[PDB]
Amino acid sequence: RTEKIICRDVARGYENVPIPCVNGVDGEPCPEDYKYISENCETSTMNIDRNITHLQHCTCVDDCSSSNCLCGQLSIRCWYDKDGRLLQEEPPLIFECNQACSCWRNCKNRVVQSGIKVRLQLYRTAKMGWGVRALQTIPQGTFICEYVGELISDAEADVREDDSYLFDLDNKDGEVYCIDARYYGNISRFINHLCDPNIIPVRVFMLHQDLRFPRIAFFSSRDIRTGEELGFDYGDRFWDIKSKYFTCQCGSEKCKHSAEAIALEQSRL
């Protein structure tokens, strides 16, 4: 079977680079049951707090590479190196520089807000439907893409029927919100769960600091080779609900969510 290119760019030119779609597995057409958006949307009143005087911000006159940058000090247990790659030492939290900072738009603390830089491809997997893979080598710590979708309350997320694209922001101070990528989403909605994952989600603040709405940035957790499928750990909560409908097909020797692994965890408990 010939792997045919079925969309030159599922993002319709909204990302820094195209994201083409191919299918060398079956006859499934390019997915169109959703609306591709490159930034989060709302379908009810969220009214994100963008008040420029609510932004914590730095006074740096350099490129924000010094530990004196307030925005880097606000970042929790993570930092960017000279090449824009994320290092880590309570989940991490990135405060990037913003429009209130004295610094320039190309300072060293602007990785996620500068967008996709790696070449990605939407492709048909053997067993998991559509997936996303790298078309280049990707060093550990590189920004990949943002989890983009429809902002909704936890109460709204609880009542939605198709929860296969629901990302819980897990707010700890205030009410809990979610990103639902079912009806509106970007390339991240197609990233599958892997028990041997190679990317990690990290909460980030950029042009607003409304604590209801951290934005979700995926970074590679190791060097990724050309052609490798991207995947992250969806988490135990996801599988505790979805394993009633399907079990994990990642096929890894490390797999923790197969029928066999679930049965073995139930006997271990």
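Numbering follows the first chain given and starts at 1. Basically, rigid core = biggest C-alpha set you can superpose within 1.5 Å across the two forms. Shifts are known only where both forms have a C-alpha. What changes on going to the form deposited in another entry:
- Superposing the rigid core between the two forms leaves a single residue from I76, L135, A100, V176 with a C-alpha shift of at least 2 Å: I76.
- Regions where at least three consecutive shared residues each shift by 2 Å or more at the C-alpha between the two forms, after core superposition, span 76-78, 87-89, 171-174, 263-268.
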Second form
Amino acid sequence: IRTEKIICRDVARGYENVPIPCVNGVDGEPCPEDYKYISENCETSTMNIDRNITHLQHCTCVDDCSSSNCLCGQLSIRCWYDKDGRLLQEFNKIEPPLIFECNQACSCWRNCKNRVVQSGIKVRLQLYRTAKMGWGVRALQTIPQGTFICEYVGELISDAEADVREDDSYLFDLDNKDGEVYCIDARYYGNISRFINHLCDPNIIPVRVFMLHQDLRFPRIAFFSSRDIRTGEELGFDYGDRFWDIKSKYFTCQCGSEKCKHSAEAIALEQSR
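The structure above corresponds to the form deposited in one PDB entry; please give the structure of the form deposited in another entry next.
Next comes a single chain, given without company.
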């Protein structure tokens, strides 16, 4: 019986609000170190993001931003966060709206109700070695539906540069449309989210968020739980068909769910008809 070993006390090296330990009870692979952990997106060529403070839409709330008059709320029809920072029950989890959080131009206080993602990771997570999907991330506590988990953080790159990246295991498109579109590549520079696996039965969903800038080319990708998550459960999202159409020629899904759509068996059945 191989022991479970704690192989890193904190993969984030103190950069997150909480430590993120790594364990391995499955094989001899040591703590992954072939990437630089960063807690906020980085750049490796000029992205010319619009950071002009006078361009920000902002609110005039003298409140905690919980009234229907908060402009930042209205830019997504309403503020989607409840009093504990969780997405409302009614939040559209199929096609999420763009969230505009409060920023430095707002009159409100830093602890207003519309600042969840910018406050960082609160839930306790663990990087661990899975049976069949390499590293994964799981919950060390129960997490209610609608809770902010973490952001997909990496190296911001253009569409064209993403097209010639050798390793395409960690590329996340910011926009599904044609033209001047950008991507996060977490291959060389990323946070805990780079270890989050695909599940055909997902428990987290990615949401586009704006915080300190509102350059629409560069939404930040925030993961929220899509249902109550039990202690010990592996986290995962649906990577989507723009991943699997390319990747399924090289490997197939090992998620093991009855609804799996990307296993060898699922793909084989569909080749038949």
